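Presented as structure tokens, the chain that follows is alone, the form solved without the partner chain.
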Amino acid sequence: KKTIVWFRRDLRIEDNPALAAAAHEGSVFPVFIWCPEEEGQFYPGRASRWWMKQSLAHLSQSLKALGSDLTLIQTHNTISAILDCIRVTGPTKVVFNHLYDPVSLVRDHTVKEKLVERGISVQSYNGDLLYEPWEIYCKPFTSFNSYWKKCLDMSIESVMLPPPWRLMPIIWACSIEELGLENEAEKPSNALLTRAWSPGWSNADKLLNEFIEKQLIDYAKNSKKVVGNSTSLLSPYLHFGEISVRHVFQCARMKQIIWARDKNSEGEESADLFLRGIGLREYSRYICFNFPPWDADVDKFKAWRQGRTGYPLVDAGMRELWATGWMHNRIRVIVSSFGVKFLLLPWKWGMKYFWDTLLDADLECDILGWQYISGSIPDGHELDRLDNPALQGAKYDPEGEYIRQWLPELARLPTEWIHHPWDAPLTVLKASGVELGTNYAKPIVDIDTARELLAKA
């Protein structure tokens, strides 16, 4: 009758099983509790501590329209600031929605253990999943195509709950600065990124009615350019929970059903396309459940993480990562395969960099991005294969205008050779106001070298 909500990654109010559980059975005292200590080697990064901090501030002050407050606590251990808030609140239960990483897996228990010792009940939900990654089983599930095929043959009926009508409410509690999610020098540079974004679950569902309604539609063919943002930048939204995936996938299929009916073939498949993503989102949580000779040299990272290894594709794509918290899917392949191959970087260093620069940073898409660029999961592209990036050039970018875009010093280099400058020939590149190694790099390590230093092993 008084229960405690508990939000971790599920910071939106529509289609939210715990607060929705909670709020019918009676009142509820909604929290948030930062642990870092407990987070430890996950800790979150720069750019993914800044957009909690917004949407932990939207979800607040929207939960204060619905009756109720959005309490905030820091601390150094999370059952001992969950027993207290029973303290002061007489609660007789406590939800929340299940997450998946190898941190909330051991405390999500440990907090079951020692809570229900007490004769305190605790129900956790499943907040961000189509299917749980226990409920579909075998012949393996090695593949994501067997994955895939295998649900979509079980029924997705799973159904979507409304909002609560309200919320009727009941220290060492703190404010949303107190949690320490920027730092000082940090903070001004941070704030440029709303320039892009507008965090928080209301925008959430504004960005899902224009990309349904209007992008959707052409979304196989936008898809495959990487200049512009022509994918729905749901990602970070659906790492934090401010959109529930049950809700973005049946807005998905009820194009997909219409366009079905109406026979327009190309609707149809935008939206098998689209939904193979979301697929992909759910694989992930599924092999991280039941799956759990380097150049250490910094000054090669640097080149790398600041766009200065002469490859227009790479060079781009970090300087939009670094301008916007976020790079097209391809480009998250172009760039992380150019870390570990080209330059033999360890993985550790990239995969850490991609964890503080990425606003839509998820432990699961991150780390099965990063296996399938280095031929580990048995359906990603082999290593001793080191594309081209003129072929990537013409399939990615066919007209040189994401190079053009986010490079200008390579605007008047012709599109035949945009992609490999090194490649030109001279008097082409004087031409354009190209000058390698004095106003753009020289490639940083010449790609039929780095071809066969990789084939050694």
The other form holds:
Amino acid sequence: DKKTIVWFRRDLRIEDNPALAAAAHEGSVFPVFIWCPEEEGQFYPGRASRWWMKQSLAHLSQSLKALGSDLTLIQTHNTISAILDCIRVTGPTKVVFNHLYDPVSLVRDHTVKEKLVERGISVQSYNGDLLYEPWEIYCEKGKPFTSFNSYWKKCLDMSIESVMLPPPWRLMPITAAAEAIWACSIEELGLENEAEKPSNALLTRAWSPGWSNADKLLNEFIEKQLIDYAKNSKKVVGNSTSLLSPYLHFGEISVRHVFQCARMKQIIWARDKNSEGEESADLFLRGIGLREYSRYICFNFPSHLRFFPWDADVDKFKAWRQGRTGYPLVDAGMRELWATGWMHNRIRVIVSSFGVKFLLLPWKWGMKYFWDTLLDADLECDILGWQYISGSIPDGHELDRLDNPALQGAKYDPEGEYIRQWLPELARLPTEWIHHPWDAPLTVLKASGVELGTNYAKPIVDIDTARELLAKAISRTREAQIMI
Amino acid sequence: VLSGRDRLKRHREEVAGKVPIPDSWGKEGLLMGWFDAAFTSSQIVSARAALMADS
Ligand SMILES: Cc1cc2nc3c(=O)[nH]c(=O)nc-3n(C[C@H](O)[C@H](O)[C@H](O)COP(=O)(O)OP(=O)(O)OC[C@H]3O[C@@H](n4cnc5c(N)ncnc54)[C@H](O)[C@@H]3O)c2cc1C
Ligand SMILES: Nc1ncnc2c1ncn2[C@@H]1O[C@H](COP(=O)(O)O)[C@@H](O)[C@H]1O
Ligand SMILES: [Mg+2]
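Shown: the form solved without the partner chain; wanted: the form solved in complex with the partner chain:
Then the entire complex follows, led off by the chain already shown.
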């Protein structure tokens, strides 16, 4: 009866989808996905994200047909113009979507809402992706909180205002001729370049995008894995963390459903006085809270590395990209990143601070490489991550923190099984040395079949030299900004 | 049919130690060029405020 356009972007799911639920509650729906590369500009998504999105759109397309509707796809030069044509052809009186918080989407969402309103069309946006909107949390005088622990302590002293919605019985279709709105198939979107297919063959075997695969993954994690998360999450190899990140990034599983499941387990385990389980749930929910926090700092705080004397050496960049640094944890991480499109958070910390602190590579280079190879590449989580390793955030790493590989290995890969899996050249090293083989007695290297420079790279920088260059780099950063 | 966690486990075991990272990335030519005024536009201030008001 009432006709409503449902504009999908990063909410590729049916369950607890507020915009889709509101539209279906009012009448018939026209779901559409509008792709405008020129409007994404600086933040056009990378190879791994575009591969994932393409698989997930086809998954969602199938889901919407079975429900009695469809997903229309439009590659356009202008999002407003494509939406205005969908309105002209179908006759709908309203556009709904789930709003996003990245600067491109904020501005574009604002531009759509202003134009539709002046053209006499109703528009409404909905919180599809957060437990707490970025403006709901503030202190005693009403300002941002500027610290994760304080932000999360304040969040747990409030309740969620978000309200989960039940799924629709049927979707009432609105049909339009593909030719009247310049629509196309998923392959005509160009999400995947011909030259990318060989790399993307690794991601195909490793992952199945799509909201129904997210539900399967969330159920298996909650029901069998959350209990041990406090212990598993401290190792970087094997079964460590939930693997939910790509699905959360594309909205394929609602964070309100993630939290409900984990919180209810936490309450069960509190009653069973199962304290290890309560810790796990608590630690896992803190991860969710970091993701809320990433939106919160990107929405409220409108760079202390401004004057850092980066060594723009494209050769040592290649050596970082290829895992030819000679630091095992770093070289393992970059291999895992290329072959699976994902890595453990601590390996993300190690690899990124190695680029910045040991190599003095410009941080935008490592970000842009992450942006092209991570399935879960997410602007706000990535910003927060680089802020955390660069000392640009209250409770993070300090900029002069030079982590010792020997201690990182003992903490996060205490059996050495991460090195032995990704760097089999090193697998015969006693686990005592496997994370810093340059300190081992030459007799041990030789008994273990390691020859630095021939079958595993020599350290591309010495830690003691790196600490000196980093201290100089910091002095000149601080001397310079006082001088300018 | 196998779970995602186990599909990733299997793939990890198949490819680990056996996949070279290509010698060319494809974006080398952009390195030296590599702004963040995306977060400080007048437009984004207006949109943030508009988004708060409509909630
Ligand atoms: C340099 C750096 C860059 C990063 N870039 C990204 C990115 O592009 N996309 C992305 O999703 N995450 C990024 N992260 C954090 C990332 O979520 C974890 O590093 C990784 O997601 C673990 O995946 P998981 O689902 O198994 O984590 P789990 O611990 O099992 O699940 C926690 C979930 O909550 C969120 N979460 C957990 N830890 C963090 C965290 N430190 N920061 C923000 N959110 C978190 C995520 O949605 C995550 O999927 C980055 C971290 C660093 C240090
Ligand atoms: N205040 C924070 N801000 C941003 N990211 C954080 C913060 N605290 C933890 N993280 C992430 O959580 C991980 C665990 O931190 P830690 O307990 O200090 O080892 C870090 O390595 C970061 O990736
Ligand atoms: Mg992790």
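Whichever C-alpha set is largest while still superposing within 1.5 Å between the two forms counts as the rigid core. Positions refer to the first chain, counted from 1.
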#### Entry: From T92, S80, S158, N329, residue displaced between these two forms - CA threshold 2 Å or more, rigid core
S158
